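**Student:** Position chains C, S, L and A against the provided structure of chain G, taking the given hints into account.
Listed below are the residues making up each chain.
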Amino acid sequence: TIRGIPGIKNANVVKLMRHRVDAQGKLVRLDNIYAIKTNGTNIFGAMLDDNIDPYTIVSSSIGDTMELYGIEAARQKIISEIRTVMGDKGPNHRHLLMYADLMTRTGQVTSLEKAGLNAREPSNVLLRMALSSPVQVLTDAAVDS
Amino acid sequence: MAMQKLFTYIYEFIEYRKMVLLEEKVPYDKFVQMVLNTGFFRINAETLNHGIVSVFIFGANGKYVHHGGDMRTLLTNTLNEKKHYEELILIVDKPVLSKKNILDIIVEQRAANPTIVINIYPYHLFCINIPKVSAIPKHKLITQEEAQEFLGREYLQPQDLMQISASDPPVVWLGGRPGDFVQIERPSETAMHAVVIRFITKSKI
Amino acid sequence: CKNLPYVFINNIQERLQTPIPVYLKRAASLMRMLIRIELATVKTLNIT
Amino acid sequence: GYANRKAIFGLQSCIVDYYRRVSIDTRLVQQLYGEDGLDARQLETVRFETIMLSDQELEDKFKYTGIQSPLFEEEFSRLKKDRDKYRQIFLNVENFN
Amino acid sequence: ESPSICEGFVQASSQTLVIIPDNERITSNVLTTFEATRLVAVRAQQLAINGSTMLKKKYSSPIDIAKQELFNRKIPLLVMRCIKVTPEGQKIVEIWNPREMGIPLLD
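Residue numbers (the entry's author numbering), protein chains in the order written: chain G, 1258 to 1402; chain C, 1 to 205; chain S, 968 to 1015; chain L, 823 to 919; chain A, 41 to 147.
The following block holds chain G by itself, in its conformation from the complex:
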């Protein structure tokens, strides 16, 4: 690496649409705000750089948010990612809350795959048997008593 934050493939200036509070207390919505949007997530390098606000770093990757920030920030990032994937006519927010709270209930982001079901409900042999590969999980339950 010669220059720039590693893992930042690109960086483009995008105007943002943001709310601010005036001295009279009005909640004015500002469109003149400028910030950059990158490709590739390296939150750590962004915090290191001084031209970039370290406390207002937003990353599309759940993993980097989990590692850098924690599990509550990872849960909020899961909600945000599922929401932006949903589109315009998305579901209610409580369903996304349920999705995110299920994965992040163990202090780690657990998937919806069979690995995540093992992590969240290891003792529920019958549930994992119903999900996939009943013979393998049946063998594991038998040997594990």
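No lab work stands behind these hints, which were simulated from the structure alone. Among these hints, one or two may not hold up.
Here are the simulated DSSO-like cross-link-like pairs (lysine-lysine), alpha carbons at most 27 angstroms apart as the crow flies [unchecked claim]:
1. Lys-83/C with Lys-1283/G
2. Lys-992/S with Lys-138/C
3. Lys-883/L with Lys-969/S
4. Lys-907/L with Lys-132/C
5. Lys-902/L with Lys-132/C
6. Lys-992/S with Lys-903/L
7. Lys-969/S with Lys-907/L
8. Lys-140/C with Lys-903/L
9. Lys-1283/G with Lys-828/L
10. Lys-1266/G with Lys-202/C
11. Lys-992/S with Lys-140/C
12. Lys-885/L with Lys-969/S
13. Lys-883/L with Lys-1010/S
14. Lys-907/L with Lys-992/S
15. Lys-202/C with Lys-1371/G
16. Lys-992/S with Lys-902/L
17. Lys-1371/G with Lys-204/C
18. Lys-992/S with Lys-124/A
19. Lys-1283/G with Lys-907/L
20. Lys-992/S with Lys-885/L
21. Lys-1010/S with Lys-902/L
22. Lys-1272/G with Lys-1283/G
23. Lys-132/C with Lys-94/C
24. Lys-828/L with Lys-1346/G
25. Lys-902/L with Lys-969/S
26. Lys-132/C with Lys-1294/G
27. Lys-132/C with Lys-903/L
28. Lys-94/C with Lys-1294/G
29. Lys-903/L with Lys-969/S
30. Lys-885/L with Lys-1346/G
From chain A, some residues computed to sit far from chain S (all C-beta separations above 10 angstroms) [as the list claims (entries may be wrong)]:
31. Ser-44
32. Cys-46
33. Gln-51
34. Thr-56
35. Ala-88
36. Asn-90
37. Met-120
38. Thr-126
39. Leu-146
Beta carbons are placed, not taken as given, at the ideal position from N, Cα and C, and that holds for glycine.
**Tutor:** Then chains C, S, L and A, alone, in the frame of chain G:
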């Protein structure tokens, strides 16, 4: 430039932990050259419990993060110092966490010294004011009695609550030991902020 | 508005005025805010 | 179908208990269902008037001046506090999105 | 060795029903639609098998009679809600009364 950020935010973290310093604060230059030559910058903190907490900011590629003999020597000789030594903290580079032998010496000295708690953290935990990050909601540690009252009202054993690792950055800044409870005020698009209580489990290796 | 979090428990704990858990108080914060906004004294002058 | 079956088997065990917490067996998943405990079928969208009002506009509209009791000073301060809390929380939500 | 039974404490220890006092219950005093529906269904099946009722207005189907018994607060059932399974073999319930409790929409 993680050295300067780490240098300022470790002292901000000591202040956040409501601890006082036992010595005088050197500037950036002395800190970085001492880290580069010695291999570690040692910072002593005293808590309200009248315990002593020591922090070791290891170098990125120094002599101490590569060989287990020297690291073992440091732990053995520093842990026999007659301070109260409530907690020891090692701040090391990110790739060091995968290096096994350092984790082995850490766990070996943890088992050898029961009452002392040793944790090794990467750089990115102390390169920013973690409680001041927008994306991180407000964590606070509820005492054992109020957590027990909450559980008894809820008919919940502690293992029923959602778990949070003791290595979580907000919990690390708060100073959450495993087995304790942390109350969180998370913003909500539905109910306009809500409170959850999470159980602190054992940290990552 | 003070007794609003008691819709999450029952009328009995409302009569007994037993303590409300913190998260129950937080859950009804939005409804409390809306009720305060819409039942403000400047808006209920004609309501007996 | 693939994604839906995987998700269903991930989430199917989450059942609202007698505390309106969402729990797997006995282990909590949520302190409250939607963090408000409300059914998704019983929600209506309503505007919160005080959010965008300036401080003088808020005083013009919601401050009651027909009685000199300090109870109405307290009530208006409560309205202002609620507006400020809403602005703060949702500005933070806007910040990390 | 052993056929998974000799050491098998398969018989679970009998539980004792602990009923939370009427001033200590912290569940809703309004019947959830599930609970009201279950009450109506149980009562209507029991009227089908037996036929007795406390109603004054005579109806031609047990469903209507059970629905009115729930509405007119004469259904002879008690919704018991269980919140624990303690390791000490002590099942913690709170027995609610559908006659005292509120009734959901159901219509």
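**Student:** Going straight from one Cα to the other, do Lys-885/L and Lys-969/S come out at no more than 27 angstroms?
**Tutor:** Since the Cα atoms of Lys-885/L and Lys-969/S sit roughly 21 angstroms apart, the hinted pair holds (cutoff 27 angstroms).
**Student:** Should the label of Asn-90/A as a non-interface residue stand, given a Cβ cut-off of 10 angstroms to chain S?
**Tutor:** holds (32 angstroms)
**Student:** Are the Cα atoms of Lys-202/C and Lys-1371/G separated by 27 angstroms or less?
**Tutor:** holds (24 angstroms)
**Student:** Can we trust that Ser-44/A is non-interface, i.e. its beta-carbon lies farther than 10 angstroms from all of chain S?
**Tutor:** With a cut-off of 10 angstroms, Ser-44/A remains clear of chain S, as the shortest Cβ separation is near 45 angstroms.
**Student:** Was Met-120/A rightly flagged as not at the interface, with every chain S Cβ beyond 10 angstroms?
**Tutor:** Check passes; 15 angstroms lies beyond 10 angstroms.
**Student:** Under the criterion that the straight-line Cα-Cα distance not exceed 27 angstroms, is the pair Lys-1010/S, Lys-902/L satisfied?
**Tutor:** holds (16 angstroms)
**Student:** For the pair we were handed, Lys-992/S and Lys-885/L, check the Cα-Cα distance against 27 angstroms.
**Tutor:** Measuring from Cα to Cα gives roughly 26 angstroms; hence the hint holds.
**Student:** Does the structure keep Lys-902/L and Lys-132/C at a Cα separation of 27 angstroms or less?
**Tutor:** Given that 27 angstroms is the threshold and the Cα spacing comes to 24 angstroms, the pair holds.
**Student:** Would you check the hint for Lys-132/C and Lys-94/C, treating anything up to 27 angstroms between C-alpha atoms as holding?
**Tutor:** holds (22 angstroms)
**Student:** Next pair to validate is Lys-140/C with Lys-903/L; report whether the Cα-Cα distance is within 27 angstroms.
**Tutor:** Distance of about 22 angstroms is within 27 angstroms: holds.
**Student:** Quick one, are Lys-83/C and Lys-1283/G close enough, alpha carbons at most 27 angstroms?
**Tutor:** violated (55 angstroms)
**Student:** Would the pair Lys-885/L and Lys-1346/G pass a check requiring their Cα atoms to be no farther apart than 27 angstroms?
**Tutor:** violated (38 angstroms)
Hints 1, 9, 10, 30 from the list above are not met by this structure, while the remaining hints are.
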